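Participant: Next come the chains, spelled out residue by residue.
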Amino acid sequence: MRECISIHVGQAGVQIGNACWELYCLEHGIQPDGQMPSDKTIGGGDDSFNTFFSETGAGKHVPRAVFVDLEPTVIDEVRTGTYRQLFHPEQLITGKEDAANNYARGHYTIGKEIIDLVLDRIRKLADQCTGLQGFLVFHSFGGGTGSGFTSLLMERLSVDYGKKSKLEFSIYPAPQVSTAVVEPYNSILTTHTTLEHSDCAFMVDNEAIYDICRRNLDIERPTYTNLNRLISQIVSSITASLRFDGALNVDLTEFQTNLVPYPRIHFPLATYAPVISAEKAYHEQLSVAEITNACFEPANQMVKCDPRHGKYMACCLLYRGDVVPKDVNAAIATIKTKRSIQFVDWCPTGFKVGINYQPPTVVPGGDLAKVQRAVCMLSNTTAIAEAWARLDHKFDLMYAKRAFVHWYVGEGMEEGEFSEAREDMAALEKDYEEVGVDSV
Amino acid sequence: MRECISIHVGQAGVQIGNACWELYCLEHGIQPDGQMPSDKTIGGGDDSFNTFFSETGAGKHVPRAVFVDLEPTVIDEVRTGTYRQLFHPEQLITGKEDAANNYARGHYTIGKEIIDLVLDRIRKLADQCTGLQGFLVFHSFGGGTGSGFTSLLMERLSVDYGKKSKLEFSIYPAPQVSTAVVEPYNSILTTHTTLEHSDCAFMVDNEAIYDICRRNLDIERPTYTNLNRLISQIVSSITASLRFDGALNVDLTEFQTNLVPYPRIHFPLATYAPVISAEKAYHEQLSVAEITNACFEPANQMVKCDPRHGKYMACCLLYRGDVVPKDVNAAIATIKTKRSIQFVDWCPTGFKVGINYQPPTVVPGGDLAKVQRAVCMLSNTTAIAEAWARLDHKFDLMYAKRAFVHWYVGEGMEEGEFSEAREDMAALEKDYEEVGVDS
Amino acid sequence: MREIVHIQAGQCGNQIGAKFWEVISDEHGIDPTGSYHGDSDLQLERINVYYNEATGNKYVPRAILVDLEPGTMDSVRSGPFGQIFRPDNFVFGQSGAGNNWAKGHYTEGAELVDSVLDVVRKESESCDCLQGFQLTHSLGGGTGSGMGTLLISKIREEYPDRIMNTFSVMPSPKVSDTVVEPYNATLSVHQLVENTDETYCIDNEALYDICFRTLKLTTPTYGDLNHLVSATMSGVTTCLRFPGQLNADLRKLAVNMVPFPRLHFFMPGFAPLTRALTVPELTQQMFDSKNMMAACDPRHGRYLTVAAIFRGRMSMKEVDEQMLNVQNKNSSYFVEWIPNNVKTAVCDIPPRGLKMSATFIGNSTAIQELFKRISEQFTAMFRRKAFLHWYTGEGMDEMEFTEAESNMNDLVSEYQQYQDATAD
Amino acid sequence: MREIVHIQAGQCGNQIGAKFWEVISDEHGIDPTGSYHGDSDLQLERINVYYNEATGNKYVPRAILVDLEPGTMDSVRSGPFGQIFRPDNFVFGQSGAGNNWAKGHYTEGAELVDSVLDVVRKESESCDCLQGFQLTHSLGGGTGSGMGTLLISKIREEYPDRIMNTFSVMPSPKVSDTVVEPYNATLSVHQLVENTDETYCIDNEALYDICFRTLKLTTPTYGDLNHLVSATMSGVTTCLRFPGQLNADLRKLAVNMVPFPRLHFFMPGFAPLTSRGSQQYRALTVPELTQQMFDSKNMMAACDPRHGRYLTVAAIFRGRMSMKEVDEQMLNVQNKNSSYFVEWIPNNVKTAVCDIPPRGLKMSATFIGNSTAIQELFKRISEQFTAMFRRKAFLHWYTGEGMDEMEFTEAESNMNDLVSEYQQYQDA
Ligand SMILES: CC[C@]1(O)C[C@@H]2CN(CCc3c([nH]c4ccccc34)[C@@](C(=O)OC)(c3cc4c(cc3OC)N(C)[C@H]3[C@@](O)(C(=O)OC)[C@H](OC(C)=O)[C@]5(CC)C=CCN6CC[C@]43[C@@H]65)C2)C1
Ligand SMILES: Nc1nc2c(ncn2[C@@H]2O[C@H](COP(=O)(O)OP(=O)(O)OP(=O)(O)O)[C@@H](O)[C@H]2O)c(=O)[nH]1
Ligand SMILES: Nc1nc2c(ncn2[C@@H]2O[C@H](COP(=O)(O)OP(=O)(O)OP(=O)(O)O)[C@@H](O)[C@H]2O)c(=O)[nH]1
Ligand SMILES: Nc1nc2c(ncn2[C@@H]2O[C@H](COP(=O)(O)OP(=O)(O)O)[C@@H](O)[C@H]2O)c(=O)[nH]1
Ligand SMILES: Nc1nc2c(ncn2[C@@H]2O[C@H](COP(=O)(O)OP(=O)(O)O)[C@@H](O)[C@H]2O)c(=O)[nH]1
Ligand SMILES: [Ca+2]
Ligand SMILES: [Ca+2]
Ligand SMILES: [Mg+2]
Ligand SMILES: [Mg+2]
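Residue numbers (this note's numbering), protein chains in the order written: chain Y, 1 to 440; chain C, 441 to 879; chain D, 880 to 1303; chain E, 1304 to 1731.
Honestly, I wouldn't trust all of these hints.
[To be verified] Result set (DSS-like, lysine-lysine): computed pairs, CA atoms no more than 30 Å apart in a straight line:
| id | chain 1 | residue 1 | chain 2 | residue 2 |
| --- | --- | --- | --- | --- |
| 1 | Y | 336 | E | 1425 |
| 2 | D | 1264 | D | 1251 |
| 3 | Y | 112 | D | 1001 |
| 4 | C | 536 | E | 1639 |
| 5 | E | 1627 | C | 744 |
| 6 | Y | 338 | E | 1477 |
| 7 | C | 841 | E | 1519 |
| 8 | E | 1425 | C | 834 |
| 9 | Y | 401 | D | 1208 |
| 10 | C | 720 | E | 1627 |
| 11 | E | 1519 | Y | 326 |
| 12 | Y | 336 | E | 1627 |
| 13 | C | 536 | E | 1425 |
| 14 | D | 1264 | Y | 96 |
| 15 | E | 1361 | C | 536 |
| 16 | Y | 304 | D | 1264 |
| 17 | Y | 370 | D | 1196 |
| 18 | Y | 401 | D | 1196 |
| 19 | Y | 112 | D | 1033 |
| 20 | D | 1196 | Y | 280 |
| 21 | Y | 164 | E | 1695 |
| 22 | Y | 304 | D | 1196 |
| 23 | Y | 326 | Y | 336 |
| 24 | D | 937 | Y | 96 |
[Said to hold, decoys possible] The calculated label-pair distances, taken between Cβ atoms and stated as ranges, are:
| id | chain 1 | residue 1 | chain 2 | residue 2 | range |
| --- | --- | --- | --- | --- | --- |
| 25 | D | 1210 | Y | 396 | 13 to 21 Å |
| 26 | Y | 281 | D | 1234 | 51 to 59 Å |
| 27 | E | 1335 | Y | 123 | 43 to 51 Å |
| 28 | C | 864 | E | 1731 | 46 to 54 Å |
| 29 | D | 1232 | Y | 159 | 54 to 62 Å |
| 30 | C | 738 | E | 1582 | 50 to 58 Å |
| 31 | E | 1708 | Y | 437 | 41 to 49 Å |
| 32 | D | 989 | Y | 112 | 35 to 43 Å |
| 33 | E | 1347 | C | 869 | 46 to 54 Å |
Because the hints were derived from the structure by calculation, they are not lab data. All C-beta atoms, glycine included, are put in the ideal place defined by N, C-alpha and C.
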């Protein structure tokens, strides 16, 4: 049991959803038709992968997922793509008219027409679970559907499932692939509204992923396909703890007890390694020590911040592949000594480590190399605020001249909600500062 | 003819009691099945031995004894031992859980649920007596049942047999074999409470028996069986005058008269000689003079103390075997000049002497060599007060921090009953001090 | 699908309207008979936006043609692709307009507007998901400018939540001497400010100046001007007609381009104007005042927002870099209080003939030069009460003319007020 | 028969519980199927202290297995002696407790607790003369910690006059890395101070040191840690399971080891320290045993005894050996460290010998000390707790389950009282 339902919202959520589910199928040996020849328990079972895949009588393994978008063209690609047979039609939900990059339209005007249906389809999945753990919500900050509809859905999930946990995979907007001047408004609006409905939220900064793909993968002009594929390896490492079984493995629930000290401080920073091209992987075997020492390089982080100019409140290292406890220990030592790791006074301990012996995997036709071992670090640092800050600034620069707000008010929104948000965000920036202040 | 009922309380009492009755049998020629060929009156008698054994129409001689322990393990041994047919089930009383080395649990908690049963069984034996003289009570100071239950029983026996003598055999706690850190507590509690109800108490310090076994018997690590076989030699010597024809200490009352001028100072020191290893290859048979001298060596006392620095109020010499009056009187005058034997002014400097011609019987396969003559000295000397001082100092050490006191208070005892029992012992030490303060 | 309903009213509206359908039909591979005969599936992915797919695999423009004087309509029906249109969508009058805005808007235009509305309604009800509307017209004549805006106002009542998009041709004395134009333009601009969502200002002054100075065609004809218009219209609708992620529909464009409701008048630009040129050259030219389809110098104002659209095979890396250079090198001319306000689309299908082209859509405060020039003229006639007869004749009042005067003054004031504003 | 009811709760409780039952089953000549197969009748004399007898002359451990998650049980069930346990005595849930004391004690735990008490009650009504209960659990998690202490409290209510004994594994950041363990531990010590008669403090910090420093196990596993716990648990329960005169039942042990009600936390010790798999070429001399068991390096709690004073000590020697020499060496130790035993509890060191040795060892010794130095263990936990609690860090995990912060303040307070009370008697 302990199932997890995935909800992919808007283009980013959906496109990222495709990449993850493809990766999951590769990892568990599931084919595009849903058959998994290595699974004897036909029709049903209690295996680890069943937390993400349900089983039909015919032996099909169906993702515990829902795809939702306010227009059809992105999800149509799933309906016709290699994995179309993988999903039951009721899992792919589409409307006719999108939010037009307007939080207001996704939350109110358009969202209101399709929200009931989405919740019903989610109810049908939940009802198939013997022990529903929680939800995983993938969505962009900047789109009207990613922002406006997500927040509506999270409010409605809080009502229908109470305190059942909700984790968020959020695409933080970056100029290099942004599609709307208003993405800051949508980002602050969506973050405020979901802040109290979300238990833990993993931001991915598109500028950070863009830069890593150029530098580490030598991609001159990364596409969404480049980004979504690296973004997936992070999700797979946060989820592997639940999709695979092992002796040194740790469930995300234990990590969360350590990665969320206070209710609102629920935004961990993610780092993956090794991100290398086959051209450079050839003639190079990144050691457990090198990969770990990389998770502390301020340029291999999926959110642009300087972890050093701040204090750590938790560093959780989830390893995968040819890793053995002895090597992990030596590494953490070398790092602590020859590196800048300052923890807070209120955090006895500080490091949590785990190993998933299931090897790392790479999609045929990818730009990442098949390594024998990899590491994902989830760290709660007071430096993630450099992101809330930068975004908050863009917002304050436009709201002062009240730019583009006529589009939001024309759909019902009021200036108040725009200020109610800036204040929760100023509070969070203070909260992150106070959590680092030493004690008396 | 007057009977004696024996009462054995707790493990010490039962195992020591079990030792004595076997030795009584070997001394009187009573077989394990209760048949006594020597007995020629079948089904009855008023012989000296009838004071301890009653008779049946089937010729069975059964001890006039009652065993009581709050746990069955120890009494089970009696029920399956080699002398199981001697006793009948009604005189073997056991409980379910014991006093857990807690005087309060033995006295109040577990005592109250069994006191009336024990007294009933004792009444049943008592009604079969034509002239009950009283009781001999065997128990430890340190156990919860031996200390806590005994005091209750002693009290009830004074109520239901107000007109009877009560003798005690008391095992005094020694570290070498003790099993609870709280034994000094239990020791002072039971002494305080039984003190007014006991006419004469024989204290046996396990420490003394432990070292005598080591030194004289070559026993590397004496067990209870070793200790108890020696103890039965002493107990038997003291009660010999009740079970055989004679004229010294012939009834319980005579013990108090001869040994106990003061009611509260009723703790005579016992000394026994000679103790010879049975594994020894023949030994210089000691003379009357030699064993009489041995009675004034600390190393043969049942309580280590130094009678030189105290005063006598009474002395009884009990000889068994090849002893005649001339040699005793000639040994006494010798000792009286060689050794410092100082009686209290208000007391005649003199010895009451008793000879039993039957020599000591030794249990086949025991550690003690058979001898032709032995002697047990009973001396009421103030030197025995040393054992109260030692005991009381340990009590004071623990009580000052109230260590372990909560175990007793939890069983319904009040804290006040500690300092009260201690006060009585404070008074008892001063009584010894007054009676023996010449120097 | 996401349908747009095209309406062209008047000579200019129907002339550039007709040229528009030729260019984009060609790009999608639709012949005059409605049959598709093209080589790439990209031409059909979003063809429903402008075309209805009827039975017989024939594509018919979703276009309504309107005019108060036939013949122009007749020439259009005879011109290339004339038979591709639906005959019921021809809706024309008789009385004409006589270059009189009042006749197009209050009298002659009104007595025909109901006939037009039935065609619009029919076309809209057929739509799976109506995007909104797209009108082509001039502001100097009578039908296009007068009936055109009346038509918008009537549409807005029935489709209040749809996008209203207009390609509007501004009058230049360099190209027309009807004298009354500045009246019809000003009364037209007054209406566009309130009732349209986004308006492309196609300034005849710029087309003439490009044909004369740049293209070197002394005494140029309407056909020459409309080659720039058709080029331009094709450019600014590229992202609406092909698969893409940026400004793929009229509302997303409006959200990126219109920061304040009234400031919705866009400056179009095109490069190259017609040897082939590189991506750096393409970028430099499209931001140069001489490639603007509106008589305005962008160095004389600041950009509120810009969309750039590159068409053809080229290095996307090269495009991104060159775009950053031009924003940085020209940082002073972008308002700092709208971060990241220049978006860039790249459609890999070039238009017919060129190997790559750039199209510029600017919301610049310098467009007040276009309104100021019209305003100057308007006042240079209304100050004498000249020709007030044609308009009062049809019963219009004194005020109206004045309200349009101050209303457009305000518009110029707002563009200025946000040009001078600072981030701190 | 003076029966004991054994309860094991949670992951650690069941893992060390199961190994305990495997170790003593072997010692008592019972096999995986519950059949007696021994050479001595000494093994069967008190077999009923821990085992029930059915038809088939089979022996069934008087043991209840409790957990809030379905794993662990499966693990125990498939373990070598998985089949000896009574099936009706497996009581488990599906939610789990998420290493959260509040979930074990108040919410998830409460749903399962009643069905546990029936099986406890079922087992107790079967006993002729029930001594009381013993529970194995850790204090750092949620089930053993939170639900474990709930079970103690509820069981005490039904049997207030029986001995309650626990084997309580103290958390150490050397062995685990879950940040809330000091919260769960402090909450649990507060319970144990109030509701148990005797607690053996088994400290994972010392188990780690023994394995890593003394036994040179550079990749220690919980299997390694539990090898020492099981050796220690067989040793400290020897007086209950074999004929003997000293500490032969739980109540007599409490009267000898617990001079003041709250001071009922024992330091276990064991000698020789051995790592499983290895073989013993030379046994140790009674002298060596005696020197070692009093050595700080052989204690199962990570506290230096030389930093405090012993109130009471029990020593249990197992194996064929000179009773004379044991006495001599125990006297030497007391006479040699006579300043480390309080002077106001005379003869506070008690010594036992049992002829049956434990599997694999010819000679062993187990130390049970009530030493005031146990305060260092509770101080360590206390320091970790305050570092977080003074900022209310991670508290939402507990308040979200209905707990108030006042209840944390009390647990810290009670534990600081306990520490200072040990300090009181150290200066006597
Ligand atoms: C007996 C139970 C145990 O096996 C004991 C340790 C922890 N786990 C087993 C697995 C394990 C260990 N280390 C791992 C690293 C990655 C993945 C798995 C492991 C374990 C080991 O090295 O194998 C023998 C181990 C773990 C630690 C460990 C030692 C250790 O090996 C014994 N340390 C005691 C701590 C540690 O934090 C510390 O305080 O330094 C001593 C330590 O720091 C370093 C750099 O050594 C370290 C090592 C990863 C760092 C961060 C997290 N903390 C928690 C405990 C600590 C660890 C062994 C449970
Ligand atoms: N990393 C990543 N970001 C994406 C992807 N798709 C969109 N985005 C980002 O998402 C933001 C815009 O949100 P979208 O997902 O495009 O839009 P939407 O959520 O569908 O909302 P509407 O368009 O209003 O319906 C921009 O910052 C994009 O860069 C994707 O596949 N990967
Ligand atoms: N000489 C001798 N001393 C004994 C014997 N048994 C116990 N003792 C001593 O007596 C004290 C303990 O008294 P026990 O008889 O065990 O106690 P109990 O009467 O059984 O009391 P509980 O069992 O605690 O209720 C200790 O000092 C023992 O050393 C025995 O057989 N002989
Ligand atoms: N670019 C361009 N401008 C035109 C065209 N026809 C007319 N105009 C302009 O439009 C204005 C006259 O509009 P007109 O078409 O007569 O309006 P109508 O009476 O409503 O149909 C003049 O200022 C011309 O400059 C054309 O084909 N192309
Ligand atoms: N010595 C030992 N400690 C253990 C074992 N299993 C878990 N622990 C410790 O117990 C604590 C975790 O408790 P856990 O058993 O998961 O608690 P639960 O959630 O109530 O089942 C941590 O401090 C671990 O180090 C074991 O088998 N042996
Ligand atoms: Ca299966
Ligand atoms: Ca007779
Ligand atoms: Mg979308
Ligand atoms: Mg007893």
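Participant: Now, for every hint given, state plainly whether the structure supports it.
Facilitator: Going down the list of hints, with the structure as the test:
A threshold of 30 Å between alpha carbons decides the hint, and for residue 336 of chain Y with residue 1425 of chain E the separation of about 55 Å lies outside it, so the pair is violated. For the hint linking residue 1264 of chain D to residue 1251 of chain D, the alpha-carbon distance of about 20 Å falls within 30 Å, and the restraint holds. Restraint check for residue 112 of chain Y and residue 1001 of chain D: the C-alpha separation of about 28 Å stays at or below 30 Å, so the hint holds. At roughly 42 Å between alpha-carbon atoms, residue 536 of chain C and residue 1639 of chain E are farther apart than 30 Å, so this suggested pair is violated.
Taking the CA atoms of residue 1627 of chain E and residue 744 of chain C, the gap is about 22 Å. The hint holds against a cut of 30 Å. Proposed proximity of residue 338 of chain Y and residue 1477 of chain E is supported: the alpha carbons are some 22 Å apart, at most 30 Å. For the suggested pair residue 841 of chain C and residue 1519 of chain E, the alpha carbons sit about 44 Å apart, so the restraint of at most 30 Å is broken. Taken as a hint, the residue 1425 of chain E and residue 834 of chain C pair is broken in the structure, with Cα atoms around 45 Å apart against an allowance of 30 Å.
With a C-alpha separation of about 25 Å, the suggested pair residue 401 of chain Y and residue 1208 of chain D falls inside the 30 Å cut-off, and the hint holds. Taking the CA atoms of residue 720 of chain C and residue 1627 of chain E, the gap is near 21 Å; set against the 30 Å cutoff, the hint holds. Taking the CA atoms of residue 1519 of chain E and residue 326 of chain Y, the gap is about 14 Å. The hint holds against a cut of 30 Å. For the proposed pair residue 336 of chain Y and residue 1627 of chain E, the alpha carbon gap of about 56 Å is over 30 Å, so the pair is violated.
Straight-line distance between C-alpha atoms of residue 536 of chain C and residue 1425 of chain E comes to about 21 Å, which keeps the hinted pair within the 30 Å bound. With a CA separation close to 53 Å, the supplied pair residue 1264 of chain D and residue 96 of chain Y exceeds the 30 Å bound. Proposed proximity of residue 1361 of chain E and residue 536 of chain C is supported: the alpha carbons are some 26 Å apart, at most 30 Å. Distance hint between residue 304 of chain Y and residue 1264 of chain D is unfulfilled; the C-alpha atoms sit about 64 Å from each other, more than 30 Å.
Taking the CA atoms of residue 370 of chain Y and residue 1196 of chain D, the gap is near 27 Å; set against the 30 Å cutoff, the hint holds. The suggested pairing of residue 401 of chain Y with residue 1196 of chain D is violated, with an alpha-carbon distance near 34 Å, which exceeds 30 Å. A hinted pair counts as satisfied when its Cα atoms are at most 30 Å apart, and residue 112 of chain Y with residue 1033 of chain D qualifies at roughly 29 Å. Simply put, residue 1196 of chain D and residue 280 of chain Y have alpha-carbon atoms about 23 Å apart, close enough for the 30 Å limit, and the pair holds.
Proximity of residue 164 of chain Y to residue 1695 of chain E is assessed by CA-CA distance (about 23 Å); at most 30 Å being required, the pair is judged to hold. For the hint pairing residue 304 of chain Y with residue 1196 of chain D, the CA-to-CA distance comes to about 22 Å; that is within 30 Å, so the pair holds. A threshold of 30 Å between alpha carbons decides the hint, and for residue 326 of chain Y with residue 336 of chain Y the separation of about 16 Å falls inside it, so the pair holds. Pair hint residue 937 of chain D plus residue 96 of chain Y holds up; C-alpha atoms about 25 Å apart against a cutoff of 30 Å.
Our hint of 13 to 21 Å for residue 1210 of chain D and residue 396 of chain Y holds, since their Cβ atoms are close to 20 Å apart. At about 39 Å, the CB distance of residue 281 of chain Y to residue 1234 of chain D disagrees with the hint of 51 to 59 Å. Range check, residue 1335 of chain E to residue 123 of chain Y: about 48 Å between beta-carbon atoms, so the 43 to 51 Å window is met. Residue 864 of chain C and residue 1731 of chain E have their C-beta atoms about 27 Å apart, which leaves the hinted 46 to 54 Å range violated.
A hinted range of 54 to 62 Å holds for the C-beta pair residue 1232 of chain D and residue 159 of chain Y, which are about 59 Å apart. Evaluation of the 50 to 58 Å hint for residue 738 of chain C and residue 1582 of chain E yields a pass: the beta carbon distance comes to about 53 Å. Remark: the range hint 41 to 49 Å for residue 1708 of chain E to residue 437 of chain Y is contradicted by a beta-carbon distance near 20 Å. For residue 989 of chain D and residue 112 of chain Y, the hinted distance range of 35 to 43 Å is satisfied, since their beta carbons lie about 38 Å from each other.
At roughly 50 Å, the beta carbons of residue 1347 of chain E and residue 869 of chain C sit within the given window of 46 to 54 Å.
Of the hints listed earlier, those the structure fails to meet are numbers 1, 4, 7, 8, 12, 14, 16, 18, 26, 28, 31, in rising order.
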